[PDB]
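2 protein chains.
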Amino acid sequence: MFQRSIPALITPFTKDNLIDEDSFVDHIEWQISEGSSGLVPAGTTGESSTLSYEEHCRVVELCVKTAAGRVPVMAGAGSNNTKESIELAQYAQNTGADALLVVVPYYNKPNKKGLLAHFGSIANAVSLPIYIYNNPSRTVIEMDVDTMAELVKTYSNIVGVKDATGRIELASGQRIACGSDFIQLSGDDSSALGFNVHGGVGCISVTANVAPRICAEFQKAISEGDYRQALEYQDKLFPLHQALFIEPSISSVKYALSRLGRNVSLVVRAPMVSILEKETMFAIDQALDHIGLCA
Amino acid sequence: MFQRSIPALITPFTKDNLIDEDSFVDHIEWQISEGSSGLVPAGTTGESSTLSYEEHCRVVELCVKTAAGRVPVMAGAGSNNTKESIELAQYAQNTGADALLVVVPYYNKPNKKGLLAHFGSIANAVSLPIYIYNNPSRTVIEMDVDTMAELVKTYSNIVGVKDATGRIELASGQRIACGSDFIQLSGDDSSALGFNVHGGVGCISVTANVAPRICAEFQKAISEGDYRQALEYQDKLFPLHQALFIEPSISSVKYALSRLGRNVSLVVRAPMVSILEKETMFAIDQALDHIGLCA
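Here the protein sequences line up with chains G and S, keeping their order. Take the first sequence: its letter number 54 is residue 48 in our numbering, and every next letter is one higher. Take the second sequence: its letter number 196 is residue 190 in our numbering, and every next letter is one higher.
In case anyone wonders, no lab produced these hints; they're calculated from the structure. Any given hint could turn out to be false.
Copies of the same chain look alike in the list, so a pair counts if it fits in one copy or across any two.
In the BS3-like style, the derived pairs of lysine-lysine whose C-alpha atoms are separated by at most 27 Å in a straight line are [to be verified]: (1) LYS103 <-> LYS77; (2) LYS230 <-> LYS272; (3) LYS230 <-> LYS147; (4) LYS9 <-> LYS214; (5) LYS59 <-> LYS147; (6) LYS9 <-> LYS59; (7) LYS272 <-> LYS9; (8) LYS230 <-> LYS9; (9) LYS107 <-> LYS272; (10) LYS103 <-> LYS272; (11) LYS9 <-> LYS103; (12) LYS230 <-> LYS106; (13) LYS106 <-> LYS272; (14) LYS272 <-> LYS214; (15) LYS77 <-> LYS106; (16) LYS59 <-> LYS230.
With the rest of the complex left out, here is chain G:
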C-alpha cells in the first residue's frame, strides 16, 4: 500500500500565519503528478508541534480531500500525550485517511511498558493500519526490536515502521523479528538506498517535497532491482539531502521550494525561523543546480 517515495508534506503558511490551503492543495497536486506514491500530512516536516488541534485536523482533511483516492494518505496522529494521540488518530479515520504515523513519545521518556500502553491504547481505538515512527535523534528513547515485535504480534493493526535511526542493521533485525510482511519505510533520505536492500520498500521523505520527480525515479529504480541506476540517483540527490539538514529542514525545504518558483511562503512557526545563513542557502542552491531543478 505504502511503497517508494512518500513526502512528509510541509504545511505552507500565509504571511498572516494562517494555513495557506491553496498552496497546500497545489503542493499535493504537484507531488502526485511528479510520481510521489503516497502522502504524510501533519508529520514532523509538516510542523505538527506548532499546529493547533483544529489546524492539524484541517491539514489531514484537506490532504485526504485533495488525494481523492489517487494515492494513499498516512495521517500524522502521534504526540507524547496518548489521549491527544487517540483523538488525532480517530479524527484521521473518520475523515477517511488510509493509515496513521504514530511517533515514539518525545520529552516525557516512557519505558518499554509505557510504549506498549501508548501504541496499544491507539491500536485499540482505531481500525486503521499504524506505522511506528522510530526517531531517537528527536525522542531520545528508541523502540527496541523486541518491543516492536511484541506490538506487531499483539495488534494485527500495527503493520509497519518509519525508521529514522539511519542504522540499517536495524532494518535486518526488524525484518527477522516482525517478519517480511512488516512494511519498513526509511525515515532517513541519505540511507534510504541501503535501507531498501535490507528489506525496506520505501522512504517517507523530506527531500521529495523539493524534488519529487527524481526521488520517485530513485525509488522506482530500486523496486525494479536496478541498483547501478539507484546509485547514480543517490550520487545526485545526496548533496540536496545533506544541504536541507544544515539548519532545520522545515525552513530549508520552504526556502528551496520558494527558489524553484512554487507558491510556498518562507513563513514557519517559532521556535522554527525563516532566516538561513548565506552559506546554508549557497549549499542548497548548488545542490539544486547539480540535479538541474531550476527552469
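Position chain S against the provided structure of chain G, taking the given hints into account.
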C-alpha cells in the same frame, strides 16, 4: 528570591483521571510546612505533557492560590510551540505566579536562532522573571553558554537557569559568562551539592516531593557553608535520588508518597504507567527505610 529546596510538584489525579485538587493542596501545605522554599507547578515532574491547556492553567492557578504569598511560585510555562508558551506564561502572570520555568524546545530541534526567537518572544510578552530549563537528556539540543549569556544580556527578565545537565563545569561557565547575579538552580538532585559550591543557590527537585524535610535541611546546610553536614545528608539521600529514576520518576514519586501514607493515588497518564517492577519498588522502600520510614 528562589533558593534552597524547590519541589517540581507532582500533579495527583483521581481514579477517574481528573485532577485531585484536594491532594495537590495537601501536598503544597505539607511541602511548605516541611521547609520547601518555593514551588514549581506543572513542570516535567507535574506531567505537563499529558495536561490539557485548561488543566495546566488550573494547576498553576490552584498552586498560586494555595501558596498565598508564603513561598514564591515558578509556573511551568514552556512547550516546543512558541505561541502556546506565550499563552501559558501570560495565564501564569495574570493568575499571580511569581516566575516562569521555560524548557528549551524538545523534539522539533530548533537551532541557536530558534532559541533566541523562542526565549525572546516569551520575554517580550510578559514582565515576570524567566528561568531557562536546560535538559538535553529530554530535549536532545542543549542551549550553549554563549546563547544563555546573550539572552541574559538582551532581556533583563531572563534571570536564571534550571541546569539538569548534571555536568557542573557548566555552572562555572554560566557564572562567569552570565555573571554572579544570574540565579543558578540544579535540575539534578544527585549533583545538586556540587552545583551549589560551583555557584548555584538551589535545586528544583524531584526528590523534595517525597522527603522535603531532609531536602530542606540538606539545602540549609549548604547555604550556611556547613559542607561536612551537607555531605552526610548527600550520603543519606543519594540512594533515594537514584531509586526514584530506575523507572520514570513520575510513577516512582507517586508510589513512594503512597508508601509514606500520603493521600496521593498511583494514577499517572499514558504514555507513563503506574506499574513498577518488584525490584524497583523494593529499591525505593530500602532507600526510604535508610532515611527512617520503618524506624
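| query | Any hints this thing doesn't respect? Which numbers, in order? | reply | Result: hints 3, 4, 5, 8, 12, 14, 16 break, sorted rising.
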